[PDB]
Amino acid sequence: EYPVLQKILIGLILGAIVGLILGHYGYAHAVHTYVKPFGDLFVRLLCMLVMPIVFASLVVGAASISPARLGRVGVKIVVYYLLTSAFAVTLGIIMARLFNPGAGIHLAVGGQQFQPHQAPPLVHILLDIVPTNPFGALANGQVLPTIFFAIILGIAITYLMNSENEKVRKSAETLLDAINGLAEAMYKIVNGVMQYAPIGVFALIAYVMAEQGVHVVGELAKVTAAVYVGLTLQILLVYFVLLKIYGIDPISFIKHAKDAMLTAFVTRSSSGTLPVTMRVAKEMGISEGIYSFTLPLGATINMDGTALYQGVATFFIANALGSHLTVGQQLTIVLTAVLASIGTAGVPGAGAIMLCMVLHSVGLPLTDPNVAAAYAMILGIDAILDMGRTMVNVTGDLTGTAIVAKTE
Amino acid sequence: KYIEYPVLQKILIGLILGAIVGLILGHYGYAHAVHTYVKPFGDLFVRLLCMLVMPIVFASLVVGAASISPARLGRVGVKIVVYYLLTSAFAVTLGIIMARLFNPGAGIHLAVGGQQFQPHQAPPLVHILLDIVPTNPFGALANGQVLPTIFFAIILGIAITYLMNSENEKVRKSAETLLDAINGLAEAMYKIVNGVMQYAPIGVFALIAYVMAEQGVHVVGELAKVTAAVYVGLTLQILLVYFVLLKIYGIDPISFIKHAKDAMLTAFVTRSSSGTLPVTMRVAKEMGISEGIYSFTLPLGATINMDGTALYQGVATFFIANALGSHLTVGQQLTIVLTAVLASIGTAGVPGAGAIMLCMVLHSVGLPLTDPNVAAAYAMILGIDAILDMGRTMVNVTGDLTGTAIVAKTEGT
Amino acid sequence: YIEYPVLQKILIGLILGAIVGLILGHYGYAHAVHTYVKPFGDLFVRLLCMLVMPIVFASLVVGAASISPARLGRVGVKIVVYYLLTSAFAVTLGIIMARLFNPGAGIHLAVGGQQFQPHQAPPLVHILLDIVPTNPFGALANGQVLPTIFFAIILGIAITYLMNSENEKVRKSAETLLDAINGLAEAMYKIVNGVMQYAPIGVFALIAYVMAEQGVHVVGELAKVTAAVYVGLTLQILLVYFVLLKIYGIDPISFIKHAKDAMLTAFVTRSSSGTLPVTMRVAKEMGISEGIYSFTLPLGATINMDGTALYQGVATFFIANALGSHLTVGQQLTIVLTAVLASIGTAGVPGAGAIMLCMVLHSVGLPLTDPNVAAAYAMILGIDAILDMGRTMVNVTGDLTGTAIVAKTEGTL
Ligand SMILES: [Hg+2]
Ligand SMILES: [Hg+2]
Ligand SMILES: [Hg+2]
Ligand SMILES: [Tl+]
Ligand SMILES: [Tl+]
Ligand SMILES: [Tl+]
Ligand SMILES: [Tl+]
Ligand SMILES: [Tl+]
Ligand SMILES: [Tl+]
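Residue numbers (the numbering used here), protein chains in the order written: chain P, 1 to 408; chain A, 1 to 413; chain F, 1 to 413.
Please note that the accuracy of each hint is not assured.
Said to hold, decoys possible - Restricting the straight-line Cα-Cα distance to at most 30 Å, the calculated cross-link-like pairs of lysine-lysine (BS3-like) are:
id, chain 1, residue 1, chain 2, residue 2
1, A, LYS409, P, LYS76
2, F, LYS172, P, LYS170
3, F, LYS190, P, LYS76
4, F, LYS78, P, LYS170
5, P, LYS167, F, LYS172
6, A, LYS409, A, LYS261
7, F, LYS260, A, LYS79
8, P, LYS167, F, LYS246
9, A, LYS173, F, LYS190
10, P, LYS167, F, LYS190
11, F, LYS169, P, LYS188
12, A, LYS173, F, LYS169
13, A, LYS409, F, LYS224
14, A, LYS79, A, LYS409
15, P, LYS170, P, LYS222
16, P, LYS188, P, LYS244
17, P, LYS167, F, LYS224
18, A, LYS170, F, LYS169
19, P, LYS255, F, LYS260
20, A, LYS191, F, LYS260
No lab work stands behind these hints: they were computed from the structure.
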């Protein structure tokens, strides 16, 4: 009934208190049997949409970047985001190694530590990106095959919208229209769930605090910190550089963006903030014909915010499970995540949904008590992380639409 | 060789002829020969039905959620929705009441494999509730999870509507398309049922032929037991609730029926809420309901009218369970029944929805249709579904008019 | 750039590949190829058996809708009857030529070091009842061919009946679902084109292995296949088309003289759709009514079954024969008739001949994962390119043959 972000922070701050004192001389168990299931309900509602959004999303996403259905002003802004995600990934990993979130918290939940099962011959792991039956991939949660098929579909659809046959061209138009809309419904459903999130988020940390000790809160602050420093380090180290390098003034640029960022910071919605963003791009004096096209893109294809979230969440999730992870695997894991997140920029809680999808793609079964309880930690603090996530997404959309505006 | 012939006649001929053939082949006949030869024609029939059980429940619920969905729901609409909810309320109670009043099922104690069916029971409440949320909705759909499919089709249908309330025309057209295509699938699945009802006379023949030949003559009384339980609760609904609702709204019940008289008799003989809808609207005009009212509210009851199904399930549930051996309590009765009705929204008619829902409710309550008992128990009701489905639709239509008349008179604007 | 003529690419990959393979076979390292080269071929085979499900399904829904009565126009009904009575003959030639050359025996593959063993086969009741999908989403989800076929027809036909409805809500909904299912189908074809781009690499790796490992025997066994097709192929044009034209007072000699490049385009483009512009312009040169060829040509592009019928005839026989199992005339057609009867809507489509094979094997229970089945299919898939040129060339010749026969019955020459 009331401001949804307030609700989640209230449930979090209140929940960690309740959990923590109930932890000390309380009954970690009673929480586990009674409180926690409300939390589990929450985590179920999210993992639910993990499949439809990943697939429907990527079909739309592929079609968005798809050549040469891609316009010429478009091709440049795409090139922009690729070379920004580039840096946004490096920062992610760097900050994730810089703060070491996860080690320190050594979860062995069943009273047995989680043991990563590994891993078939390169041949078989590559071959198996190609879904043997795409309905089946989709049906029983194969991530890599769904990704591969949703790109190969999305790109194909666009080629059909370049056909002589209007029977053909309308058909494609229809399919894609319908796949979108599914995607679009899946998002509306996230909004709905975020409504339950304050109860759900409550129940989650309540348990984690009551059961994992007080150590966690420092481990989570470890996460939050690693994101937010990388986050501002992105704006400063890359955006300001790109603006400066294009004769735009970084200081006064921020002065216009100032509330467009603050809106994103508080609405979490790249789409919800889009009205405010476009109005500021007009204040900055970007061509109408430019920002009305390139801003609607960053709202969806902006990959840089998610790239920073995954960088850290990946590393913490894995680190806490026990498995110390190398730089190679870090990006392999991360690049995969970001490369499937295209089309999902905001979307309220995308950062967390992608995490689920990446774990399900790297084989870690969410049903295993450790994986679950590890994930459940980040899912608690997702709210906070998701504010910076969107805020940087928006800042980099303007930065891009401004750089590309100027070249026209 | 054209079966261009009245399809209801066909099924009743298939039924009354079939039970004779079966019954005499039973007495000094060869229950077995029937079982190996005649029955598979019956099983083909039961397959064609349980086929559509998944697409129609899903695609149907998406459309139905979207139809009741707020605030996409118009204000004339919101009152008629409230109507059907408080009528299904009563329709359910009568269902259970009549199902306990006649005791269909006990008396017939089927142990078909030569072993009695044994309900397997049941995970911790936590786990049964959590598992209503599909972990992967494609998967729910793919391998038949009922409760997760229900849950997802509602959460989808509602969401779609909210998208048709968007600024973004990209978004608004997208939603419109998806929902358009989900409908139409629903709509096609219905057209497929009509097709199957065409085979129903042969299939319904082979089904009771076996049941009679093998289950004794006890069945025909047990089935009359069902038919009765429905038809008495059925008319007891019209009298006890509709007439009270009309009387309570200054509408005259006696003269109301006098207009509805053929509109009901059409439904009773067409089994189709949609097929009868033309006749119904013309009678709503005879009763002098506003054009802008009945041309909206009647197309809804044709789909969302839940009261007829509520009575079918009430009795079929109790019989199917009772015959299996398991004596069922009043809590479970409605738990089971409310479930069924609440997923049957959007499926009013549809020729044989009564039977389809039964199959879906069983698959939802864990009873595997592959087990010989559950199968041979369902195969009984599926025979007589035809008869029951005439009263089902007739009451559906009577209560659509009752509703659209009660709501009409609260307007006149 | 791999943008160079795609057919050249594949023949270069084939002729080069067989050399490389074969010499690497003799004193080479059949094994090295197996571990390193072959996986590139396997990636190819995967990419194909990938789309086998969506195309069969989405394709048959479209196909059903295209022949569906009485949505079928009257000029249409005669052309449909034409292709049915030509597929009739095309099947017989298929089998005849497959028996006449004996492709397969001579190559006795036992790959694991154990020969493949056809597992057989449930009671006729169970194999027939199981054509009806218990849950159609599941059929689709886990590869069930026969159920997918059955449901895709029963859906496509139904959708068309809905486009004959009074209710525009209904008639648009159907129009949408069918529109969307199309496009999916249409996308799946675009995806094949994409794969054929990788085909030169993939095809190289496939025969490279087969030659290196299966001996030099194969090339003769494959020439055996190519021949059987191409002789049956031309024997179709001569024995049936020319007889049909002659029988309708059209002159076969001068008919060919117009079709001459329209066939040569098809022979070189492999696409019934790609060649369709050329075809229509030639139908105009032959002086067919504009309103006739602009309708009937677009059909044979998709429903022409006669080319595929000849491919399956021979591929079936070889594939089974090589596995070890000697196959009778009954089974031959049972297997083949099935294949052709699901292939409606898939005329071209670049590599449909091979995709249908995979689908017929998955329908007849032979698991593509078994190393023999796999290595046997992997042989035809190599030479598919060659076969597929004659496939489309005969498809086109017979579309013209039909549209000219049907044209003249309207008195539109
Ligand atoms: Hg998840
Ligand atoms: Hg069923
Ligand atoms: Hg295959
Ligand atoms: Tl994105
Ligand atoms: Tl976000
Ligand atoms: Tl209903
Ligand atoms: Tl009915
Ligand atoms: Tl075809
Ligand atoms: Tl072809």
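Okay, the hints, checked on the actual structure:
no., hint, result
1, A/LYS409 / P/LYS76, "violated (63 Å)"
2, F/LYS172 / P/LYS170, "holds (14 Å)"
3, F/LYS190 / P/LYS76, "holds (27 Å)"
4, F/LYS78 / P/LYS170, "holds (28 Å)"
5, P/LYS167 / F/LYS172, "holds (16 Å)"
6, A/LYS409 / A/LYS261, "holds (20 Å)"
7, F/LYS260 / A/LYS79, "violated (71 Å)"
8, P/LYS167 / F/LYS246, "violated (35 Å)"
9, A/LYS173 / F/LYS190, "holds (25 Å)"
10, P/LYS167 / F/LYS190, "holds (15 Å)"
11, F/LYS169 / P/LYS188, "holds (25 Å)"
12, A/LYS173 / F/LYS169, "holds (16 Å)"
13, A/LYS409 / F/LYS224, "violated (83 Å)"
14, A/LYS79 / A/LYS409, "holds (12 Å)"
15, P/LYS170 / P/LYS222, "violated (52 Å)"
16, P/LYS188 / P/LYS244, "violated (38 Å)"
17, P/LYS167 / F/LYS224, "violated (41 Å)"
18, A/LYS170 / F/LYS169, "holds (21 Å)"
19, P/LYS255 / F/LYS260, "violated (72 Å)"
20, A/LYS191 / F/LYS260, "violated (46 Å)"
Comparing the model with each earlier hint shows violations of hints 1, 7, 8, 13, 15, 16, 17, 19, 20; every other hint is respected.
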